[PDB]
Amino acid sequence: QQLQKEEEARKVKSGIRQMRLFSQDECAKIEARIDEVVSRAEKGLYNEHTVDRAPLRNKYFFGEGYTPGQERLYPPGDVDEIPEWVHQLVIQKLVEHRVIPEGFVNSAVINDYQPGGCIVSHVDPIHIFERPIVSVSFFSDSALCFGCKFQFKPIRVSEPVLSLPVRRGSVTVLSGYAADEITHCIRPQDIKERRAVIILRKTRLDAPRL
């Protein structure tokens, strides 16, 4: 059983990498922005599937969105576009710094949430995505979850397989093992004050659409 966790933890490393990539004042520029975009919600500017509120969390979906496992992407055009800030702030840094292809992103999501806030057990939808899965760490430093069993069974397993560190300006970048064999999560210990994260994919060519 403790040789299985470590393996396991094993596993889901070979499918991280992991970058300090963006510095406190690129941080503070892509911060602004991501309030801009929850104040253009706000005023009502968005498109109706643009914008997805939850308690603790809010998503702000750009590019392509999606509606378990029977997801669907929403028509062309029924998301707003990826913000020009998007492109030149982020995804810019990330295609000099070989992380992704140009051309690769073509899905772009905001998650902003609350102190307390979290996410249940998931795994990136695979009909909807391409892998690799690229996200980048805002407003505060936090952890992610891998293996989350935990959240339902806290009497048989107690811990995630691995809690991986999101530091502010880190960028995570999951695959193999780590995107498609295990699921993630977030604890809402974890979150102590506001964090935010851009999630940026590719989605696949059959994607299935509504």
The other form holds:
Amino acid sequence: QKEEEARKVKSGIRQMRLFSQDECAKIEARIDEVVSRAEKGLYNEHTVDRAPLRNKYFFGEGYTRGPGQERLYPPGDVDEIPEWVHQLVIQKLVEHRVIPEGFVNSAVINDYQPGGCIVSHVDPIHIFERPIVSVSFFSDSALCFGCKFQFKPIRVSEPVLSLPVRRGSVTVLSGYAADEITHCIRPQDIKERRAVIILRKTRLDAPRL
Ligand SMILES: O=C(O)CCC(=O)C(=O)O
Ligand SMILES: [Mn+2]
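Starting from the form solved without ligand AKG above, please write out the structure of the form deposited with ligand AKG bound.
Below is the entire complex, every chain and molecule, led by the chain shown above.
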């Protein structure tokens, strides 16, 4: 089951080292700008989610009381996907045939401090179409799958799979890896500042406030 679930997971994963060090550095400077702007109060209420070791910045579309009861906000509640995201990031993904033109209407920047993390979850299937596309910046890390170990540590202490995520790499989740298994990130795998950009398409018939 474990080696067999790893196979099934790997089946729904795709990765490309798509961004040079130089491109990563250009995008990383822009990510810093977004942090500065948020701090100057320039963004709408629901654009910035601040947690202790994790800040999240929602563009294009955002989502919210009850587990798996995520609801989209009136678009207009979150800020526009900025121009540098479109041109530095989404354009390159469109160019290299990772996703089609017009797919993306949601870009979320997660900014991680050292020892930051994200607990076990599935990207909510009722809000987002598949595939989920993520691009990494500032440093290398790892994305874990099958995150039972975070909650039941006597029985188990390793994930079903651990996937390295390099600076400048693109990770694309679908089928089994996006739908039938959790993913998470461990504090121990974020040794220095990491940021990731998550590019998604919301469902038309996604539930809404
Ligand atoms: O930080 C990452 O690479 C993944 C985070 C994540 O799974 C999410 O925000 O949906
Ligand atoms: Mn996720």
